[PDB]
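Asks: Here are the chains, one letter per residue:
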Amino acid sequence: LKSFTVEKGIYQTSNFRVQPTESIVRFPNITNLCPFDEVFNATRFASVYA
Amino acid sequence: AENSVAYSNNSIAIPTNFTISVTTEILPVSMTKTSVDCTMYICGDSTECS
Ligand SMILES: *[C@@H]1O[C@H](CO)[C@@H](O[C@@H]2O[C@H](CO)[C@@H](O[C@@H]3O[C@H](CO[C@H]4O[C@H](CO)[C@@H](O)[C@H](O)[C@@H]4O)[C@@H](O)[C@H](O[C@H]4O[C@H](CO)[C@@H](O)[C@H](O)[C@@H]4O)[C@@H]3O)[C@H](O)[C@H]2NC(C)=O)[C@H](O)[C@H]1NC(C)=O
Ligand SMILES: *[C@@H]1O[C@H](CO)[C@@H](O)[C@H](O)[C@H]1NC(C)=O
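Going down the list, the protein sequences come from chains B and C.
Under PDB author numbering, think of the first position of the first sequence as 303, with each following residue one higher.
Under PDB author numbering, think of the first position of the second sequence as 701, with each following residue one higher.
So here's chain B without its partners, still in its complex pose:
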């Protein structure tokens, strides 16, 4: 009511209570993974000039 004196009756009050919120991020399943291990666990490596 923006006042220090409240008369008799029933009043509707705006929200002044503060609650804390967290952050939830959901993303799909990790799949079709990079075959970089095939780059890494190769028995022989690529040649210098090819």
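Everything labelled a hint here was simulated from the structure, so no lab data went into it.
One or more of the hints may lead you astray.
Have a look at the derived ranges for each label pair, beta carbon to beta carbon [claimed, not checked]:
| # | chain 1 | residue 1 | chain 2 | residue 2 | range |
| --- | --- | --- | --- | --- | --- |
| 1 | B | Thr307 | C | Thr732 | 26 to 36 Å |
| 2 | C | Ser730 | B | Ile326 | 40 to 50 Å |
| 3 | B | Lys304 | C | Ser730 | 22 to 32 Å |
| 4 | C | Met731 | B | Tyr313 | 20 to 30 Å |
| 5 | C | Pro728 | B | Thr315 | 27 to 37 Å |
| 6 | B | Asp339 | C | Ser746 | 40 to 50 Å |
| 7 | B | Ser349 | C | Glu748 | 26 to 36 Å |
| 8 | C | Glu748 | B | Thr315 | 14 to 24 Å |
| 9 | C | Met731 | B | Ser316 | 37 to 47 Å |
| 10 | B | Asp339 | C | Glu748 | 36 to 46 Å |
| 11 | B | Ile326 | C | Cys738 | 40 to 50 Å |
| 12 | C | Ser730 | B | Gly311 | 13 to 23 Å |
| 13 | C | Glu748 | B | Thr307 | 31 to 41 Å |
All C-beta atoms, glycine included, are put in the ideal place defined by N, C-alpha and C.
With chain B fixed as given, assemble chain C with the ligands onto it according to the hints.
Replies: For chain C with the ligands alone, kept in the frame of chain B given last:
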């Protein structure tokens, strides 16, 4: 429907019988009472918009 009252300056028409008619009248009185909130309608669960 077209009507023509048989008017002359010595003739009158007097009813000899009656009827009792109970008719219906419908009147609105009040309507729906509604109430609104600022932050819940406009922004809604948003601190920076509030
Ligand atoms: C002034 O007006 C009033 C009413 O408007 C008359 O008073 C009586 O009216 C009733 C209803 O018309 C008469 O009763 C009987 O009506 C039967 C028809 O009934 C149908 O319609 C009524 C509504 O009007 C519905 O509620 C009902 O469900 C039916 O759908 C007739 O079939 C009757 O006729 C039988 O009886 C007479 C004797 O009375 C026989 O001669 C016939 O052959 C038949 O067997 C009957 O008419 C009632 O009779 C009226 N009273 C009198 C005293 O006649 C007034 O008559 C009228 N005039 C004056 C001067 O007051
Ligand atoms: C590649 O080597 C690493 C380390 O030993 C191992 O964890 C991984 O499973 C290997 N990948 C493949 C495809 O063999």
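Asks: Give a verdict on every hint.
Replies: Now for the hints, and whether the structure bears them out:
1. B:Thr307 with C:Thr732: 26 to 36 Å: Given range 26 to 36 Å: holds, Cβ gap about 33 Å.
2. C:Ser730 with B:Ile326: 40 to 50 Å: Holds, at about 46 Å.
3. B:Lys304 with C:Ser730: 22 to 32 Å: holds, 31 Å
4. C:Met731 with B:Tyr313: 20 to 30 Å: holds, 23 Å
5. C:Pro728 with B:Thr315: 27 to 37 Å: Between C:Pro728 and B:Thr315, where Cβ atoms are some 32 Å apart, the hint holds.
6. B:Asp339 with C:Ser746: 40 to 50 Å: Given range 40 to 50 Å: holds, Cβ gap about 45 Å.
7. B:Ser349 with C:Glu748: 26 to 36 Å: Hint violated: Cβ distance 58 Å, outside 26 to 36 Å.
8. C:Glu748 with B:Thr315: 14 to 24 Å: holds, 22 Å
9. C:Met731 with B:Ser316: 37 to 47 Å: 25 Å Cβ-Cβ, so the 37 to 47 Å window is violated.
10. B:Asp339 with C:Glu748: 36 to 46 Å: Holds: the Cβ-Cβ distance is about 45 Å, inside 36 to 46 Å.
11. B:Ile326 with C:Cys738: 40 to 50 Å: Violated: the Cβ-Cβ distance is about 27 Å, outside 40 to 50 Å.
12. C:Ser730 with B:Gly311: 13 to 23 Å: holds, 20 Å
13. C:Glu748 with B:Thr307: 31 to 41 Å: holds, 33 Å
Checked against the numbered hints given earlier, this structure breaks hints 7, 9 and 11; the rest are met.
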